[PDB]
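Listed next as structure tokens is one chain, alone, in the form solved without this ligand.
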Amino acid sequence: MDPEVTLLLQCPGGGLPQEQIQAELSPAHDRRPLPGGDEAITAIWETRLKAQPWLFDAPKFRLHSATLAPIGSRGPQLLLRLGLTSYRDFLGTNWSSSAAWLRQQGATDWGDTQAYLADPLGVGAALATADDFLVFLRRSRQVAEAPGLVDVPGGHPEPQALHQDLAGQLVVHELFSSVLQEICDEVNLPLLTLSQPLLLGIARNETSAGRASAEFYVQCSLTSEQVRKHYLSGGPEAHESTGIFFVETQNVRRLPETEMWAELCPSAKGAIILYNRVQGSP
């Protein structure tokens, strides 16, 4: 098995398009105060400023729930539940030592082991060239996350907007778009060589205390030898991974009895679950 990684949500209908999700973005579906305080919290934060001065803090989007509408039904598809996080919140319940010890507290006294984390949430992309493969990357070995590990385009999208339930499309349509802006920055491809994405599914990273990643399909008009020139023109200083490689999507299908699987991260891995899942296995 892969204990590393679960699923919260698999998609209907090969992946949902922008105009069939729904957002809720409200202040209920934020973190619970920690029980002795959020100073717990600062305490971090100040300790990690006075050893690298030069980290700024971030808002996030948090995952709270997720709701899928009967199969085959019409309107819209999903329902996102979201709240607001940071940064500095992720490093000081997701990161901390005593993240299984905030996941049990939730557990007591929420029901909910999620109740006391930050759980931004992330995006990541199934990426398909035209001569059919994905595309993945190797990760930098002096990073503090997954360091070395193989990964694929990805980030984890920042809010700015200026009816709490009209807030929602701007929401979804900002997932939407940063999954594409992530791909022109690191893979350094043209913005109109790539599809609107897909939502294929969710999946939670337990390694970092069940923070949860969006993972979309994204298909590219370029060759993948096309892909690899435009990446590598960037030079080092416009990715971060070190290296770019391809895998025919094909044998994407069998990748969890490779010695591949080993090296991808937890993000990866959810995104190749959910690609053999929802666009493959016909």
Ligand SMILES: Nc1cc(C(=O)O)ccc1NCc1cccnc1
The other form holds:
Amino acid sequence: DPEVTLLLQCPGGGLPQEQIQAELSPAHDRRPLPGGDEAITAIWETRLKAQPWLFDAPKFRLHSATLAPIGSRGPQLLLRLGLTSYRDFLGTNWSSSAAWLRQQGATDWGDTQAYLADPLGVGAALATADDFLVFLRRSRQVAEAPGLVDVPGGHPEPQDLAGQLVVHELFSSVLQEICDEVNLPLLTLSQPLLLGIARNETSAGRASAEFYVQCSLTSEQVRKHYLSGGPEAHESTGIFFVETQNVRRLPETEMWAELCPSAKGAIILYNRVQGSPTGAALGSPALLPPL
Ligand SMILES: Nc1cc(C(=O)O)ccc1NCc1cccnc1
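Let's compare: the form solved without this ligand is above, so bring in the form solved in complex with this ligand.
Let us now look at the entire complex, which starts with that chain.
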């Protein structure tokens, strides 16, 4: 799977909010482009002159994520974050020249991402009370990954002593995205666990934080809530469910070729962090069938 790389796999079956620190600093921002940020401004002007209803929005930028030594007490992860925007994304990661910016960043800064916006996405492995994961079909008319399968998620918009509020907004944003798109009540959702961070190599390396969320509704009840919103209540064109039993071998199915890179990231991390048992009971051959 060349279109996704794992930046972080979390320990302990995934990390809760209270175990993560963020450092939000202008040191973690994108570097100005070699010939100046005028190239980003030109792409934005051209776009607005065709689609004048478009608007910019701020985004978090991922610089790096450092895990503590395994088994340690105290905070387990440090997220180094900057600020970027939808405009900077369209002028860098989504530019035809994005590969040239990656090479120039390696040359100038020893960092393939130094000249990239790299907005931080969020996604969820969302499990039902009857042990299915939730999948969404993307519209065939959108710009990125048209017609592909996705999981719930989005790209959160800003607003350890500014740090803890930023970690809170990240965890909050994955639940909000599930309520807005799947039409589920907030009180049916568990607090999220962070499983890891995955990179989309088809979008010049931009990263998504991938979370595990449990719902107290069955697959049938989740479907009812999604459909009862009507076509204008969701951006996706359909919902469907796969047994957690069958997610284990999803990369061997015909579904795998239809999954967008960030959803492949969510399923790989779910399989490594929530699946793949370590103990004698769940590891026994009748509960973990070989092959
Ligand atoms: N690739 C992309 C392009 C356009 C466009 O061409 O307007 C919109 C959305 C896109 N993807 C989703 C996204 C990525 C980064 C930040 N926010 C959202």
